[PDB]
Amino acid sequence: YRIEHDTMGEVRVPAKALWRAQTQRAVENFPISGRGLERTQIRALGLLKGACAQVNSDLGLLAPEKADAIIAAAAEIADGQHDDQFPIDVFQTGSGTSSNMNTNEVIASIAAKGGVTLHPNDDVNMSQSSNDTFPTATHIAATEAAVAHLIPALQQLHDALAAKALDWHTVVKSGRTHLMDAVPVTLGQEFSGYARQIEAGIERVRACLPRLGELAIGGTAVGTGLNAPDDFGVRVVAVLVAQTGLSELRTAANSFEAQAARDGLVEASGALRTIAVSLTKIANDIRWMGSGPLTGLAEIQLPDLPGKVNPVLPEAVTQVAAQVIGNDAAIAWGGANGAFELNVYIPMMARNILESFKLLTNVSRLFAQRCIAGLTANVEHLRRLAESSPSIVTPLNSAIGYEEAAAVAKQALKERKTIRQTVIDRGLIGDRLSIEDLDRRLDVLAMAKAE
């Protein structure tokens, strides 16, 4: 071990570690979850520290040699070379200051190897505060997870569901309302519904981006921008947009709102919770569709991970959905409980919203590729049940009367025959209606209003 110090005194630190005294104190203060920042969060802190040093350099506030060493070290952090040098618990000081110091200290150590002396706070934290940096890194990570990862994953799941809507356009089957047999639909129409739920999910994510992409950087300790250049925020955002290509990143509309609250994470988590609600309905219908092979609905077969496969992907999707709903409740709880100039629930809110992004992204692509794409429909079976359902007797009423339509439905169900065969077996053809009229009235695909 080695001796390091801070404004509170002296601290023993692992002789080898890139982090310094403040990080070590936080390792000792917060042994709670045993989990630290995720790859996406460390990448965002690296991007931000690089962009700050670039702007400080551009404003002649920081020596070029120091800015260059920060930019190079921060690039190594953003690329993933130093993940082991972020040991601090998620459950740390609410502003995320410990993690901010962790980035500063690691950057200084990297620079030192390369012969450059950086002061973690006077150089690596120049023009910044703990209060504006950690939420900025959080909103970069959440915006990147929304734009670069979740939206493309939902688009892949949308396309797989729309492809089934088209493939199954004429696959007529029983409708089901209240779980009870209803007038006909097609599997295609039901999948067009699932596709619309996912398309609307993408619209929900896009609608939250004008506020999710807002960054606190430049507001310093309390939102006033004291101890930063007046244009720090607009300059740093311009660097982050050019480096990431995320045009959704923007300076906060109000510098006080951006630090006193995290309402943009609450808003975004509501979009994710809505997707989790949509995915629950889609996955539940699909596993019920596959149920059997004998005693269930046996409408479709899920691909094996023939008719006896456990619906394991639907199970993963509905478990992810449960986790997103829980995470959402934790996010709203932290969101509400800010005071005055700072919301001090940022590390916990960050853990939860980034996890929700990751789970939905990963499960959506698996569901699309390994469940949706390989579903096969029991087409003739579905049509035979639709043609045999008491639900389709209604259009006979005007030809044969209510009482006889009811007797047809009862006999068809008891004898396990089609409506068409029962109407013939009861001797109703000629008297009340012709074969041509019967085939028009009982055409189940026409009844589903599909072609």
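Numbering follows the first chain given and starts at 1. C-alpha atoms forming the largest set that superposes within 1.5 Å between two forms make up the rigid core. What changes on going to the form deposited in another entry:
The residue that stands out in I392, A69, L47, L382 is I392, the single one whose Cα moves by 2 angstroms or more between the two forms on a rigid core fit. In the core-superposed comparison between the two forms, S57 has its Cα shifted by less than 2 Å. Comparing the forms between the two forms, the C-alpha position of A21 differs by less than 2 angstroms, with the core used for superposition. Superposition of the core reveals a Cα shift of 2 Å or more for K414 between the two forms.
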Second form
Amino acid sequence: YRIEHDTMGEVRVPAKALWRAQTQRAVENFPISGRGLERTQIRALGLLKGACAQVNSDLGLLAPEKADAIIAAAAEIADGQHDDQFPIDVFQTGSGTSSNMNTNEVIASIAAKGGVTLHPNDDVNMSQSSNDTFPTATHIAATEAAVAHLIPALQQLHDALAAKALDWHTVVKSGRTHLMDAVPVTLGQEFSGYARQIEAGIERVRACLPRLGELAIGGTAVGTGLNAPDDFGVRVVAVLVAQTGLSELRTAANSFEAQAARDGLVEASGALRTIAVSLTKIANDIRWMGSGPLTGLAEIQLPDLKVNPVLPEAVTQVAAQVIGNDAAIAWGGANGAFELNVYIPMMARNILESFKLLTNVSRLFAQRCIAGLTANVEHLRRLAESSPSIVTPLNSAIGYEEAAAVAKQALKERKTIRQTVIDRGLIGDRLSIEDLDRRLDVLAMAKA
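Okay, that was the form deposited in one PDB entry. Show me the form deposited in another entry next.
Partners and other molecules omitted; one chain follows.
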């Protein structure tokens, strides 16, 4: 319940708060959503401040005592020990300068407890600006989310789908095209398609990493690097790669592009949106397969968490949210001006949420839905034995001409191929029942 001195008046700050005047001013300025930065974003801001202090100490610009204090305070933030010291709304100044200052002030307060005096700006923000810090922290968080969390969760889901594709390789059923009875497929073939969609999803995330991992650090206020060392960015990136193990982090190809635009986030969101499109198809098919029992398709049983398909519902709802977040990201991305895109906090919220939702729902879908599915094998065969058949596999036995006459008579009389063959008296020396039954076998027709 203490008081502080801002160069435009007095500021009242909570007693257990490590933030100071500028942060409390942002709290008062932006009461919009009531939600602040996520743990991933706070962690990335701590990682960045420790790396910058390390490079400023290495170049002789910051006294080793001060640098050690920033590095220890930053490590605490990166390890999640201060997730309650970042109270600023997401809907803040569009550079994220408010959250940048919040990080500077918390490090200064942590350092003061350990007996060292740090200036938030002059020491913790040395060689940095209001504008190259928050987008760097955003891209660190997004790249960690892609590489450490999302890709492994998608691989878990891919592996679960692929395991079912192999278990069910010969579980024959009816194909459905336009929702109408089609020629046979196997449940395994369908699951091989779902698994490819997720494998292609991982390919799509991997393809965006060369641009998602681009960091602005070192470009300072406008991209020129004025008031930073010439190699600040390259040096800070190498410390971040060393401390995170994220080899995908890199300096920006062009320091102006990296601050004027957030195109890498727009690109990454498009991969997530494609994954959401794939997941929607997979989840919808699985809840339709599970439907009924009496009124639906009743092809598979879902694990109970008459079972409602609650994890397909959570997946399709997450996909809707990723599609909406993706529209917000593109809207912010397009609306930069000159040297700075000022939609960074909103874009950060949306892409980091999309990563988190897809990671968590993919691992739940894989573990608590896909792994436990059971096929209703005899029902699925009954459906395959009700699919349309074709005459092609009789060509070698009755010839192109009789086969075409079977096809025409089956269509006119609304009969099966098999029954039309029997009815036309074709069972004989050229075609036993056995030969008819082997040629028209529904698992053979699936070409598994």
